[PDB]
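Visitor: Let chain BBB serve as the given structure and place chain AAA on it in line with the hints.
These are the residues of each chain, in order.
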Amino acid sequence: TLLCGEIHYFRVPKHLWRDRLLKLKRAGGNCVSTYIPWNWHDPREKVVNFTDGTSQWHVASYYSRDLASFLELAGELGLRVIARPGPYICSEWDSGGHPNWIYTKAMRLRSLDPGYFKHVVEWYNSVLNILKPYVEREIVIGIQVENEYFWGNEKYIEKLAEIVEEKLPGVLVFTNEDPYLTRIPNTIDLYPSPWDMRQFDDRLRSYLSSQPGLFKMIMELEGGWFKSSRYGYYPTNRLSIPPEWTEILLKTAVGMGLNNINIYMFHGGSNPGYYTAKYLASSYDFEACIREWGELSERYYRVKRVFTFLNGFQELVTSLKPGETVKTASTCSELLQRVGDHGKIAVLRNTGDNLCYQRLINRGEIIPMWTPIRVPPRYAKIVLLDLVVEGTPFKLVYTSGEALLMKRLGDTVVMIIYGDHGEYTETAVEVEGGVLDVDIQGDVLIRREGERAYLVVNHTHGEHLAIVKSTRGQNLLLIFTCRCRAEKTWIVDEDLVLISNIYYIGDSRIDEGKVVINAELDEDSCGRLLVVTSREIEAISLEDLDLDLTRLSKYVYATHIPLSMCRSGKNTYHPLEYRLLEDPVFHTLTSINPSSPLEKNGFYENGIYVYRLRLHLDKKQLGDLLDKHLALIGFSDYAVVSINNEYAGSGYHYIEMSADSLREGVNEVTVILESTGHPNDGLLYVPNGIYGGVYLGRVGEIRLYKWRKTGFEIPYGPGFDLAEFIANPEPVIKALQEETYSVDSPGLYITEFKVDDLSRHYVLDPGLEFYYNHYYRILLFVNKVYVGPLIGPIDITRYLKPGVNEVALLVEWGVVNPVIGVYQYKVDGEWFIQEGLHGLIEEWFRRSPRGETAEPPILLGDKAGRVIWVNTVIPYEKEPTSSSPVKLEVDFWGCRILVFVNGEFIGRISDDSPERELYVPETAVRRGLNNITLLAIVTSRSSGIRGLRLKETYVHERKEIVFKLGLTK
Amino acid sequence: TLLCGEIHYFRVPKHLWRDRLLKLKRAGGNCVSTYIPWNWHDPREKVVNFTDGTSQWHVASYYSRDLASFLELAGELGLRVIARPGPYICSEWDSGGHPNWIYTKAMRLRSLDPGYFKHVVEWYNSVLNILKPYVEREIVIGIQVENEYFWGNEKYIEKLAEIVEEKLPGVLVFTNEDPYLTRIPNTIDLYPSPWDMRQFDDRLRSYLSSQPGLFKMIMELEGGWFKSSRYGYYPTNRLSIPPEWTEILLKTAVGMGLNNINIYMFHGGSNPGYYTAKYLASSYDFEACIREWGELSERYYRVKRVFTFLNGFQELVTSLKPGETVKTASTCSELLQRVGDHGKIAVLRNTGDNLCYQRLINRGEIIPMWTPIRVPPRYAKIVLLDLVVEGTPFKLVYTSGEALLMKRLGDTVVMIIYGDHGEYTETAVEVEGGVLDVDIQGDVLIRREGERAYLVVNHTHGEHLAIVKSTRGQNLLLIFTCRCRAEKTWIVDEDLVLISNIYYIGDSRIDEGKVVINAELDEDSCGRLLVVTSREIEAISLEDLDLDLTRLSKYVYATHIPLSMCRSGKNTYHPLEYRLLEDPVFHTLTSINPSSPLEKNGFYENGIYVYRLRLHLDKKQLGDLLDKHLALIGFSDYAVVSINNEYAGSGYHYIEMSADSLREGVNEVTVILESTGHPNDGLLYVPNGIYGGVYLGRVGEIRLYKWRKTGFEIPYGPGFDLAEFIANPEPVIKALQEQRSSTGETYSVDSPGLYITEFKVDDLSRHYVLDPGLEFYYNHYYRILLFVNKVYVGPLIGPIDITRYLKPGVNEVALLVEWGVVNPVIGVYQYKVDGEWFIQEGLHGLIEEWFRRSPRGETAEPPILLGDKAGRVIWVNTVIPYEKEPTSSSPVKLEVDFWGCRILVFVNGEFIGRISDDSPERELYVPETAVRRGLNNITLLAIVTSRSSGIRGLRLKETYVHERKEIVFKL
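Going down the list, the protein sequences come from chains BBB and AAA. Count the first sequence with PDB author numbering and you get residues 2 to 739, 746 to 976, in order. Count the second sequence with PDB author numbering and you get residues 2 to 972, in order.
The set of hints was computed from the structure by calculation and includes no laboratory data. Accuracy of the hints is not assured; some may be wrong.
Unchecked claim - Interface residues of chain AAA toward chain BBB, partial, derived using beta-carbon atoms under 8 Å:
#1 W196
#2 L240
#3 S331
#4 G353
#5 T372
#6 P373
#7 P378
#8 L564
#9 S565
#10 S569
#11 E657
#12 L775
#13 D898
#14 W900
#15 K958
By construction, the Cβ of each residue, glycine as well, lies at the ideal position given by its N, Cα and C atoms.
In isolation and in its complexed conformation, chain BBB is listed as follows:
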């Protein structure tokens, strides 16, 4: 009943909403799911925005807050909606959907702590008021509260659910991955690694045995995975999620009795500007069914065959219970079976790489009779048994083929059954009162016995037709097609099924006595088109051209799109020239207390910040220096540092520079810093900008080599509050009152190190391993005193005593390799902060001063620590279309690059990005001259831009197909 895809209105240009949703509908989806992110609607703590307006430079004009329009569009296209308002959403999104002003109100995020929960009450009021009319009109059918509250806190979850129930009485309310709930329905999120089924099967089984009688759903069935900078890969951080894998998970879920399924993500789209979670790529492509740029991937067509089956047999599927009577002949495939009054499904699962030939035992009969069931490699086949065709004399005793769909056309029931090229299928039809006749088109062999017709078909690139005629004037029309044509079978309106090679059938409009269809043709979209309809078809036209039209039988017409109308086009577009202009950088600077977290000084945006530090060194300290290294320690996230107008260094979180630029008296330090967004864990406060400080002279280091792991149990359960435990870990303090080289799994780790000189400064660095977009929960204790959750480097000087000291880490979740840096001095001075850059504030991305021409390659080593604007013009002499989407590629090194097109922020790329390209949405592109603008922060003496290009992924042809209709009978 719920055949759902995740599509985020906040990750899709508003004009492309229709394209993305209709592609899900055309796949047989009947529901779309989306988060409603609190920080998307209320970033500044002002008027909640549910309009098209943005107050943020980094959010392009075509991204919208108009949730009402998204919901109406879903309704108009025939989709229901699942709403996921948070307040936490995770979703690889800045602060997991928390507005960055929340960190000023509460430490105890994701709890009933009033400092947090009062703001959650006001958010739910704003958002549930917008949802209200759409719940009443039965478009919005489900509300998720919170998101993967793994740890229990039942009264937190129940309070959220009670507010939804007060505003929206009777609406289904649930959460995901909180197994400790008795009354609020729990739903599961499944992201197993390819090929071994046991972990997935075991999680489905436990979930199905849980919460007896409550709503059952997979709220996130793996539809791919996300991409990150720093530690990421293309096409996902987990490499390719095979489309074969996704289909096996879906068919396994159907085999085990889950008929409520949401693919996460179905379409991922793009992360607008600085709404990324920390380290997230600008792309949210997700290797999804619908790629970021709108492409229907192999994963789309496999999911489509499953959703089309589940949609065109909801009767049977809703009736099914767990079964055991059916058995297999061979061990070459597994069996998952379900049984209902009027039919069964046998799911034959072959996770191995060799084709399997299977038979079933159903009531002492070995089926099929003359041919085995093919189970392809890396495939699970749904086999239909004992299916009653209601209000007819027909029973489908079995098919060894795969049923796509079943449709009533007056006196005829049509079923489409598919197989591979060269597959033999066998279908047994039983007819009450006997078989009157069988008409066949193509290669069908018939055996008759009693009231049965047996049909043996050799599948090809085409359809074989069998009509089994009853004595009561009712007919069964079987259409045997290949898997490829089943994938490109399009159900338009209702009473029009197109069996084709056509890449995509979009909008349809039935006015006059005419159906107009918007087809998108790829290279392989030409050749044979079957039309299955009760409507009289007089003519089919493709632009001007009248197509050949054959009547194959009643309800079936054949035509062809000529092979010439399918093109193999793909174009690249080069800049006319490159102009350079240096950003002055400074614009608006204000005093700030040293190490004062940006969000506690009214700065709620990520993106670029500039610090000016005025730091004081005198005779005695320069005099006594034991080592000539300056350290900038504890910032989110990436900085380029200049000292006395000389480039010094760059990097993430913690940088060691040369001290040589240092003089006696005042030293000026410039920090150009990027915040890539907050993590998406939703519990910890990882402050934007410099939360740490400046240190001088590395005098040594203390490596925490070896740890004693001790049993410790976090009391996860319905009564547990994780936010309360992180803020007050009394049970750990208690355990501390009172072998392993790697701290990489849950538990309490203790080690001892020596301190000789307490005039030194001691900074614990959590190490490279610790930093992940879904931030780890690791609690730091120094000599049995709670320092806090690890968020970054931390000065632990004030917690140290002379001689033997103790460090303990309680890993609730994650990995860390800590090391202590020892510094001579902690440098002090006056601090100034700027939000943004002069060029951004002055909107140079909308209109740049004219700069100098430059011949590529553009060498930037001399501008290390500076900001360079690079403007180019690209001719694109056609209409921007979803039929021909464009990517911008930049060949550069030693830069953090912000990309704009015609003054719209497209995203960022850096040296540690998993790709050198961005999707340029059709809404940003114009026919003619296009302005491509790079803002380049220069991070190295080895730095440059070799070039850039706009690339078409493909060029598909948009064509209108017109059906001239006659009279229905």
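Guide: Same frame as chain BBB, but now just chain AAA:
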């Protein structure tokens, strides 16, 4: 040390040999391996052919038997050769390499049976004479005898080895997958399934502790997999073999001590004409490193990184021994380790889908100091430890990066080290005499401690350089690059290394003060090029464009190819017009005895045959007839049948048709039949053509559902001769005569064993035909022995009339499954129809060479509907203008949209291959050698197999358009 790729001279147009072999050379290959197929050189049992010419219509003019020229070309390009002359080769090849005349000479194939072996002695004489000069010149360094004789027969293998040792004294001689051999070296063939390492790891472990002291080699390391019609898939029958999988297998093999490895296939190419094994596609692309059309796949660049490492650290690799001195800090990756005096390798294997951060314990030191070792997902990383750079004061204590190569340039050692974009690596260099100085280009942080420099590097899209200088006269140049540029690092000779984005570097001409190299540029080939050389470079040109030249250090130059020079072209070429001509089919028909196989009538070619059957029915037979079905039963492989000038039916091996065109007296049956090739098992005789017969009136069936599996054991071992056991299964006859004990019943005959069932025969006037079922038929033919009432009938090869073995009442059938699966049923027929049979090889249009020059046909507007021509043969001629020079940098595939045909494809008179409804694709590679600039003649021969049949159209498609450009170094 043997870094080998399988490339078959008989599957590559001769003009393209150089391209395929140089691409193997360029990957770091030092050896090419090839079968020499007996049936390729002696198909007709006449003068053994080692020339360019062909006796066969279906073998294009550009395929060669000139083995000498291949061996010469391999030698010229700096490659050694492993030769594998069979006599059996398997290789998805017709009869596994046996000439089809062998079936007239012997039943006991692959044995010392004289009827087989005397002909093996003549073949081995012809072929070892061709090889002798190349063994003496040290080009051919190994000879494989036989091929996967799994079952033992040591005296048979010994006898093949003796003939080789006598003609080519002291040449290395071995076989593959015969683990019962004590004296002759055995080698291993490994084709595991992605992601569980345990089966592969256990096979390697067992092999490495077999045969004390003898030659150790993986003679076939999975390079992909083949594709079949009927039961096959794209891109292989096992779907995609992931490129990450192939690299994990290679790195595992290195980590376990195997340094002799052959990738099967490195390049697969094409199966010429009817030299396919049964059911095989005309493509042998194999999803190989080099695709059939010449493309360098992702698999190629991954294998190239491994071969480059093994070549560039030869001294280290030769020295390594087992030893377990190193430990890992965490469980997120496994460790394989080898140790020598020169240093150690730690292979960190991560078969999971998450990045692992790893540390090593070496001495009592935790390695590295400031940075963890990245082990990427689905990856095995080779970490070097304690590497002594011989004749220098440098030790590489460790690098968390991956070492690609090491090269001496005068007083400087250069090492290339790689990682992913954004990877942090840590490298520890110890200098004896102490560290004079470290000069750096790029993002290299230095920590000096002892006589040690620690170098911490963020890997980028480009190179960071560190020159560590000794207080003596000697320098360590470290170049830190990304994986992608390591993959496109090209070694043009001893002192010319290009670190690049370039898709491929081909031939070089090392003139005087000029180096000219042929580059092939894809769309990502542009950007930075680094040149590492001892040579003085004044200028670098791309054709006529002089490039920017920066001197980075003494041995390192930097340049760039402008991003504008890398196009993204891709063109489709369309036919002008279609002309149709009906083949008259009949040309020359001669008498043949009913059921007499074609090889017993002097027909040794596969391909198309036409039978005319003159069958007699009298009034009585037709009057008494109980069921209206005619069956053609037992033929190889596919038939289209007409009765009294009406299309009756089509299919593989066993066809049931309507009997309604039949009438009293003579009935004229036309059978148009294709043999797709013999199977590649090399043991059984599966006859071409009609070996069964024609039956009328299907009056029932006996389903053989339920079997008793007994405890019979085939005695495999050094003394076992499997051909002798197949010919004379005496132990099975004895097992069948003894008391049965109680045993398990099964519905599945799918694993080795003796299976027994029982059925009722009520009427011995009927005819009983056993059908082995769809499951039975596989290109590598199964071995299942049929017994009826305890009498040996024979190995199953197809449907078999078993009537004469039956008695009234309860009958027994027993199957000894040596290997395979079967699901048999007995068809019961009223009559066996007798008459006179006639055979023709080919069709009128083939014999008269219409593919070389077609008569004028009628023009036809696509789509061309053929359903009214069911059972008949139609020639479709068209012209495709191709207005460029045919080139490997722009290869073409012919696509045909059709249904209900078997199609034979010719281009400019050259047989390209076959396509049918049950093909895993609708396209063929058209080699450059068949294409011409200007008008291309595309000719299809369509056997119409159905009343729903036609050709919608066809097109020539370029896979891609790369740019060919010379890079010129002025010295």
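Visitor: Would you mind marking each hint as holding or not holding in the structure?
Guide: Status of the hints after comparison with the structure:
1. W196: It holds, given that the least Cβ distance between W196 of chain AAA and chain BBB is near 5 Å, below 8 Å.
2. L240: At about 5 Å, which falls below the 8 Å cut-off, the nearest Cβ of chain BBB leaves the hint on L240 of chain AAA intact, so it holds.
3. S331: Holds, because the Cβ-Cβ distance from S331 of chain AAA to chain BBB comes to roughly 4 Å (cut-off 8 Å).
4. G353: holds (7 Å)
5. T372: Nearest chain BBB Cβ about 6 Å off; hint holds.
6. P373: The hint holds - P373 of chain AAA has a Cβ within 8 Å of chain BBB, the shortest such distance being about 6 Å.
7. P378: holds (5 Å)
8. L564: holds (3 Å)
9. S565: Holds - the Cβ of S565 of chain AAA comes within 8 Å of chain BBB, reaching about 6 Å at its closest.
10. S569: Hint on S569 of chain AAA: holds, closest Cβ of chain BBB at ~5 Å, below 8 Å.
11. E657: holds (7 Å)
12. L775: Hint on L775 of chain AAA: holds, closest Cβ of chain BBB at ~6 Å, below 8 Å.
13. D898: holds (5 Å)
14. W900: holds (4 Å)
15. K958: With Cβ-Cβ at 7 Å, under 8 Å, it holds.
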